[PDB]
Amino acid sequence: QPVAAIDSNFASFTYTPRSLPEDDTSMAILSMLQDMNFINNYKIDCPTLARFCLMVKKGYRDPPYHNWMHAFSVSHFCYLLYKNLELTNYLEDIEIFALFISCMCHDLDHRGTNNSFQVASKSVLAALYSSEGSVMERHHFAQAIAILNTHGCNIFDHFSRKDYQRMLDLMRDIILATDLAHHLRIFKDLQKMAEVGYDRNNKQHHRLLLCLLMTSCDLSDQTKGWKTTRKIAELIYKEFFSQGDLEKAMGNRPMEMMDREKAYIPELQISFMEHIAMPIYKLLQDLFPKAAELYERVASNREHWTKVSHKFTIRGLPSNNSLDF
């Protein structure tokens, strides 16, 4: 089923994938994989790919932000980077395939809480993963492996030994890179690559670009219009404040951004965009000139947040004409 039949704007950076109905996202996944040629290129079995994608979608829970629609929109951005940035000029085909597959699986079985929360609550996930770090990301990867090994879901089962091993190592590294702590950890290396210039002969640069691109996809809701950033802030903060409510109950001090009594959304949001999102799309711009508009949308969305911040102070009366609050 052609990509062009979904919407004429599907491969544009202007397109908002969350506007696609959730019942159509699975075929949109197949259409993107076909449009990138990975089906014919790696001789993926069609019914297996079909069963795989349904398993991935079924593997997501329903918290406000970390759900299938997020995994879906992250994958679509990966497709957008393929179609708009000519990724084949920088990475091998298997690496692009791996990135896209990893985008689908990257938040599997997310519970709407961060890594710190898993450890503090002494969950099973923490017992299993806290000593290696990146608790939730190790779980996501493990859920992805458990899916691959379900009957009729292994899309790599015909791959050669070398290609099978490459896909698995790539998926692990890429899903692990989705811990923002990892991104911050490697930020200096990403800058160094961007300054010396990308070297496609350098396997180290391949890994680093894969990390940045993955991160760029995870944060891609910031690169659309105002409506998307506003809506996504609503979902993220609802999730944060729900975590903070659990922590307060445990007799723990939540961080400021998870404390609904104390959190000031405009400052948190502007800080997130100034100090995390923008420098990421700034690095992408340095490496890929065609990514310029991404960085420009983010900065523009940033200005919109500042221009709107004054609405968080109550001027005049509330609408009921009452001071009962």
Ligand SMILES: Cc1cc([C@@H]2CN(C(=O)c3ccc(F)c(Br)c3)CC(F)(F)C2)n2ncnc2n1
Contents of the next structure:
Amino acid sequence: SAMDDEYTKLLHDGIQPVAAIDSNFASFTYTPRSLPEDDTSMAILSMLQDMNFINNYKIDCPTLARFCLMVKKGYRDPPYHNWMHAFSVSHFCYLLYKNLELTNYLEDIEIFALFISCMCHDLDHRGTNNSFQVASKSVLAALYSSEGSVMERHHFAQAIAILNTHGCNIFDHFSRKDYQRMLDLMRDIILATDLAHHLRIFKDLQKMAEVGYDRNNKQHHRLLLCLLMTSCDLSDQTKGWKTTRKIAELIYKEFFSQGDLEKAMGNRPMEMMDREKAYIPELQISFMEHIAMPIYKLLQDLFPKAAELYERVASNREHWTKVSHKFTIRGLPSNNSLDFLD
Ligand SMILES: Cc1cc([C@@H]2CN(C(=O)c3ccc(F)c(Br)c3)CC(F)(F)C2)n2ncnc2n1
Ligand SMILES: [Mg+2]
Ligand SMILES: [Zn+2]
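Any chance you could show the form deposited with this ligand bound after that form deposited without this ligand?
Time for the whole complex; same chain goes first.
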């Protein structure tokens, strides 16, 4: 009944102007995690309206309201991979549309699929990675481990199950060809959120940046969609230090919870998931240097207006160096006690 009343208001109250959400809502400096969670489904509609996808694709408003609420309801509440992650990832997609002139690179339907994919891309995440599904012999691994990207395949399958729920298929009036196009795009984009996939295609992304984006090259469209998706997925790191500090808190809470479960199974966790071994400043510096910074450098190489995003990620990486010494205990602990030695 709670979703029913939320649905009723979403459908009948009208779609709030995007500027009424926040005055800096369309700026790379806005932090969408500042938005109260109760306001996020409306914000999704506002962004879809502002990009004109509602009118352009003649999206049925009742269906879209039900769809957005079902997607929100499809996220659990682990520390990091929750609906507020999917919301903030979607917002960054909107920022890319508002700031980077994506219409010069991608078709309308590709940009629309990118945004919907962002909303759906971690659906039903349980706060554990792909390796854990295999090691724990989960249902998800039984289904998908032969193909790889276990969780991402599950995320995609959940998105399709929402579309296949009566009253939720926002695409069900598309032509057969456009429908098939949309769902194929969603498969490719959601699967691209597997960082193992990013690392596999990285050289192809570099080669595309070096030779120059060819809008007539269908492989270039596919590569760019992957890079944009990954850029949305990591976009917390493009905000201010306080955002990235909090996000590291959430990541390691989730990781360490997985590691505790692996130890309870008799398995040595990855260092970054072992709360007895993980040295967070070193791990964050490694993540930023080897994964996050090269991604936003590629984005800047392709979109010069994205330079400020890379500079922020670089600044945040240098900040981890500046605070690393605070992970060393100088003097006595606050309680003046050495009890923690035992
Ligand atoms: C926005 C953001 C997102 C993630 C993670 C990165 N991911 C990893 O696998 C990972 C790989 C190598 C590492 F060194 C580490 Br640390 C983690 C996947 C994920 F967990 F889904 C989200 N991190 N991680 C640390 N700061 C982050 N900021
Ligand atoms: Mg994911
Ligand atoms: Zn994600």
